[PDB]
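Given as C-alpha cells, the chain that follows is alone and in the form solved without its partner chain.
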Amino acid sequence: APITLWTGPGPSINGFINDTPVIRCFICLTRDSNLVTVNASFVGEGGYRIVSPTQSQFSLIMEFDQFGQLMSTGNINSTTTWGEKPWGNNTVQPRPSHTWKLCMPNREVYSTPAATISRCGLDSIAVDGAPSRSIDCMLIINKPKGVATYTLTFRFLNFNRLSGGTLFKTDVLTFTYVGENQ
C-alpha cells in the first residue's frame, strides 16, 4: 500500500540552524507503488525572515533510523510533529508502523549519496517570479550523519544569485527517489 509521512499542515518553527528554531518546514513524503515524492515548503522567521545575497548556504537534515523513524538529532527532528497522514484527513499519527520504512530512500539504490539540485523561488508571487529572486535547494539522499540509517537533506544554496534582501518564503518544492523495500 501507499503511505505518507509528514509534518502536518501549519508547522511550528521546526527547522533548527545550530540549535535555534528559525524556519517553518512543511515536509511531506508520499510513497506510492515504488517511488517516494518529497513535497516541501519553507518559511523563515526571525533572523531568517529575510535572507541577504551574502547568506551562507545551509542544510536542514532529517535523520531516520533503520525502521524509518525520525530521530531527535537532525535539524528537523522528532521534537516537533511528524508522523503518518491517514487517507481522508489532515492529522499526524505519530505512532510508528513497519510501513514507515517504505518512505525511506532505498539503501541499495542509494548506497552512496545522491542529490538533486533544483530551483528554489523565493517570495515568488510578490516578486512576480523575478529571475534574481531564486536560490537553489538541493536534496541530498543518504549523506551519512551520526548513526542515522537514512538521511534526507534540504540544502539551500547560491544565495548570491539574489539581487537583494528577499523574504525566505520558498516555493513548493518537489523531489523524487526510489523507496525502500519492506
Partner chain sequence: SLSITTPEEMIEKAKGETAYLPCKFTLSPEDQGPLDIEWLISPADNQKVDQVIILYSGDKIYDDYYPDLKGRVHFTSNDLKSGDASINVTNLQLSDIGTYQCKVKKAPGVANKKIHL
Contents of the next structure:
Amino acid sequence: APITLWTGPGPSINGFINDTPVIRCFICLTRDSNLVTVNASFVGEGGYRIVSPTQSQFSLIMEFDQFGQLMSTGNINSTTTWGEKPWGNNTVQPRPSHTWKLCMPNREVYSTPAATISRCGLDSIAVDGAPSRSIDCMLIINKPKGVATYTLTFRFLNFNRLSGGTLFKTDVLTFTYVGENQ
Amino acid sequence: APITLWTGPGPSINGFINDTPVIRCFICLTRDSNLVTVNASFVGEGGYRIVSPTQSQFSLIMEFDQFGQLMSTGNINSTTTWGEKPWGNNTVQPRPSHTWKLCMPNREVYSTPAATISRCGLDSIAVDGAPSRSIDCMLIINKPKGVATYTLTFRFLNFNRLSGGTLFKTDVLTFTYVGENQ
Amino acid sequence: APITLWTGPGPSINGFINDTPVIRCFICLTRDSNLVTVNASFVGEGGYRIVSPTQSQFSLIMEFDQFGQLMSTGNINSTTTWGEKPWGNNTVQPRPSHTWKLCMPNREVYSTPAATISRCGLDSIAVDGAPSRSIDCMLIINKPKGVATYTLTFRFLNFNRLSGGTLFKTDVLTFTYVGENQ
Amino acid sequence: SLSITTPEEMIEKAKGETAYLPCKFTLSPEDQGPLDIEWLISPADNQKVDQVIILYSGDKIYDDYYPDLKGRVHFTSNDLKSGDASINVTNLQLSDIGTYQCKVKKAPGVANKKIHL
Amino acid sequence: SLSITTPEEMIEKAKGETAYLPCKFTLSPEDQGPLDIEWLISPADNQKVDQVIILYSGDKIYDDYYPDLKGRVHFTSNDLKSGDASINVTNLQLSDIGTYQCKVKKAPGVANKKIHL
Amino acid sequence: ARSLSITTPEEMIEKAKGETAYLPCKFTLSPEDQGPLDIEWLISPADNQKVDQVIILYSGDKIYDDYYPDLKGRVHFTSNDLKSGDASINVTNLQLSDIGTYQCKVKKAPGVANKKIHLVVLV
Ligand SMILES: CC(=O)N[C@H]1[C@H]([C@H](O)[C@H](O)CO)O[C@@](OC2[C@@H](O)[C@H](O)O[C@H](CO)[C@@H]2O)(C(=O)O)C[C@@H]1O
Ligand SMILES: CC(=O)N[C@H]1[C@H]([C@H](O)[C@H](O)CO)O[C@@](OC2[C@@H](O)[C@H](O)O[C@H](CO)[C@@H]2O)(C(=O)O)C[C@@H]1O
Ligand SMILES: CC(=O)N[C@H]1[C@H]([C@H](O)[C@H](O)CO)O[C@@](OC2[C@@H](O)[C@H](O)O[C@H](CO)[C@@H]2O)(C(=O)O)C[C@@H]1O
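Can I have the other form now, the form solved in complex with its partner chain, not the form solved without its partner chain?
Now the full complex is given, and it begins with the chain already shown.
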C-alpha cells in the first residue's frame, strides 16, 4: 500500500535558520510501490524574503527516528504541522502509523549518504525564467545527524549565480529515492 | 485507483502558436496514489521544425474544466486526440470519467500558481548532448486563464542559449505535482 | 500490478567499458500504474575511480529481449546480479516473469529513440555542490543495438566541464518513460 | 473540528488607539498535532498580500517579521494554548488599514478568520 | 473499429496531371473523439521521411507545411466528416515521387494508409 | 543448506612479513540461488583513510585482478573449483602495508553472503 507524509497545503513558517523560523517549506513525501518522490517548494520570509548573491549557503535538515516519525531536533521538525495525507482530502493526520517508515530512505541502499543537486529557479514566473535567477538545491539522503536514523537535507547553494536581489520563492522541486522496507 | 490521461503515441500536430498547429506534443499525465507525473516531449513542424537562437519564447497552455475535461480554448485543446490510456494497451479513450479530475493539480495546494523550470535538450542524440543545444522549458501549474479551473503551461524559454539553428526535437521532460482529490 | 527490476543494494562492478568492468552501477527500474521511473547512481572503480576533464565520453547500454529479460551482450548485462525486488525486502529475484516486460520502454511510444540529458553531479557532498563538478548523463531510450528489442543507455558526457580531477561518484539520477503493455 | 468564533469581521478605530483583534478558537479531541498560529496582513497600502506579522509555534512567540509594525503588535492572552490567539496592535496609524488574517493549525484541525481594520 | 478502404496501393502518372489520392474511412459508434486527420510524405528524393503536408483538425484545414507542395494540395471532398479524407495533388512534378501516408484518428479509433506515387 | 552462506564469517589472521596469507571464503549454495555467481574481495587498509577498495573479482567465468595497485600480482584465488563453493584467496609476500580488514562478498541471486578477515603482519 502507498502512503504520503506532508506539511499540508499553505504551510506554516516551518524552516528554522539559527532558531528563527525564516523559510516556509512545503514538503511532500509520497511513497508508491517502491520509490519515494519528494515534491517540495520553499518561500522565504522576514530577512529571507529577498535573498542576494552574497547570501551564504544553508541546510534545512529533517531528522526522523527509526519508525519514520519526524523528530523535534532538525531545522524542519515536529513542532510544526506534519503528518499523513489521506487519499481524498487535504488534511494532515498527525497520529503515527507503522506505514510511515515506508517514506524513509532505505537504510541498506543508503548506508552511506547519497545526494542529488538540482537547479532551483527563484521567482521563475515573475522573472520569466531568466537564466541568472536560479540557484541550486541539493537533497542529501541519510547524512548522519545527532541520533536520527533517517535524514533528508535540503541544502541551498550557489547564490552567487544570482544577477541581483531575488524574491526567495523557489520552483517546485522533485527528487526520488528507494523507500524503506516495512 | 490510478489513472492516466494522454495524447497517445505518435501524436498529431496539436500545439497552437498563433492560431496554427505547429508543435507536435506528446503529453502524458499519470496519477498514481497522490502525485501526478507529467511526462512530455515536443517536436516542431513547418516553420518550427528548426528553431534559431533569436526564436522568441512561447507558452502552450492546456485549459481544463472543473471535472478534469480538456477545454477547447487552450493552445493544446479538445480539438485533437486526447483521453484516457487503459492499462494494457495504447488506445486513447475519449469518454470522460469522474476519475479524470484526479490528474488535475490540487486547487488548494496550488491556490496560487507554482512553477518548475527545467533544462530542455534539443536534438540531443544527434548533437551528442552538446551543452549549447539546450533551451529551458518551464511548467506553470494553475496560472489563471479565461474560465479554466485548472491549467498546465509548457513555456519554452531562453532560445538565445543555442549556438545556432537546431532541430526542435525536445528531450523527454518530467515534472511532478500533487493531484486533486476526488 | 507494479513491478521493480534492479541490481540490488551494494551493487557489484557490473558496468563494462572496453571489455573491463569498471563502473559500479546501481540501477532500479520501478513500474507503477503506467510510467517507469529509472533511479540510478554510479561509482567508478580502478582507473575510473577518479575522472579528469579530458575523460572521453562513454555509453553503458543495457540490452533487453522482447520479454524484458536482460541480455548478456550490453555493457551492463546478465552476467551480474540483476532481478526483481519483492515488496518488503532487498533481495534480488533472478527467476524471470512475464510481468518483467512492464518495465521496458513502450515500443510503440518509443518506436524511434528518445532521450533525456540531465545534469549529473559528481562527489557532490564532498565538494559541496561546486558548480564546476557536474558532468552530464543522458538516458537514451530504445536506440537500436544488436538484436535487442529494448535498450536503455546511460551516456556520460561533457567531462570538460570539470575544473579538475574528480572522484567519479555520481548523484542519484532520475528519469521517466512510458512502460510497455503486457 | 477546529474553528474560530466569528470568522469574518470589520473594526473601526481612530489614530493612536490600540486595536483588539479577536481570534478565539475551539479545538476537538482529534486535533493532536502541534499548535501552529500565524497572523498575516493584506495592506491596502501596497499590492503586497499576506505578509506575516506575528507567529506562535513550539510554545514560543516570534514577532520581528513586519517592519512597519515592529514593537507594536503582541498577543493578548497569558494562556494562548487555551484557545485565545487574539492580538492587539497598539498606536494605530493610517498605514495599518488592511485585511488582517489569523490562521490556526492543530493537525488535523485548521481554520482562519479575516478582519478588515 | 475505424478503418480505411484499400490500405496500400500504387498510383502512376507522368508530368502535369492531377493525382487523386483516395483515403476514405469507416467509423464506428465507439469513436467519440475529434476527427483528427494528417497526410504525410516520405519522398524518394532525399534524406528526410514522414513530412506533414496538410491536416484537418477542429473542422478547419491547414495546408502550407511542405514548401515544395505549396499551393498544389487541396482536400477533394467538401464533406470529410462523413468519411472522405481524399486529397488532390495538382500539376505533378517529378520531385513529387514518394510514399504518401494518410493517418486518421477519432479516439479511440486510429487508422492509416500508404500510397506510392 | 537452506540459502547462500559462508563458513566462519569473522576471523583474525596473523602472519609474518614475507609469508603468504591464505584467506578462506568457503560458501554453500541452495537450489534457489539461480543467479550469476558474482564474487568480489575488498580491502579496508588500516594505513590510510579509504575503506572498501576492490582487489579481486570473479564474474562471468573470468577473473579481473588489476584493481588495487599495492597488491598487484600477489593476490590469487586458490581453488580452480571456484563455482562449487570456494572464494579463498592468497596474498603472497606479505607487506607491512597489507595490514587491514579484507572482505569477501559472494552473490548468486537471491543469495548474498559476506565475511571479513582482519589480517595482521608482524616482524
Ligand atoms: C545562512 C547561514 O547561516 N549559513 C551557515 C549555515 C547555516 O547556519 C546552517 O546550515 C543552517 O542549517 O551553517 C554552515 O556551517 C555549519 C555546519 O556545517 C556545521 O555542522 O556547524 C556549523 C557551526 O559551526 C554550521 O552550522 C553551513 O551550512 O555551511 C555555515 C553557513 O554559512
Ligand atoms: C513565438 C511567439 O509568438 N511568442 C509570443 C508569445 C506566444 O504567442 C504565446 O505564448 C502563445 O501562447 O506570446 C507572448 O506574450 C503574450 C502573452 O503572454 C500575454 O498574456 O498576451 C500578449 C498580448 O498582449 C501575448 O499574447 C509571450 O508569452 O511571450 C509574446 C511572444 O512574443
Ligand atoms: C572512454 C571510452 O572508451 N570512450 C569511447 C566510447 C566507449 O568505449 C563506449 O561508449 C563503450 O560503451 O566509444 C565511443 O564511440 C563508439 C560507438 O558509439 C560506436 O558505435 O563505435 C565506435 C568505434 O567505431 C565506439 O565503440 C563513444 O561512445 O563515444 C568513443 C569513445 O571515445
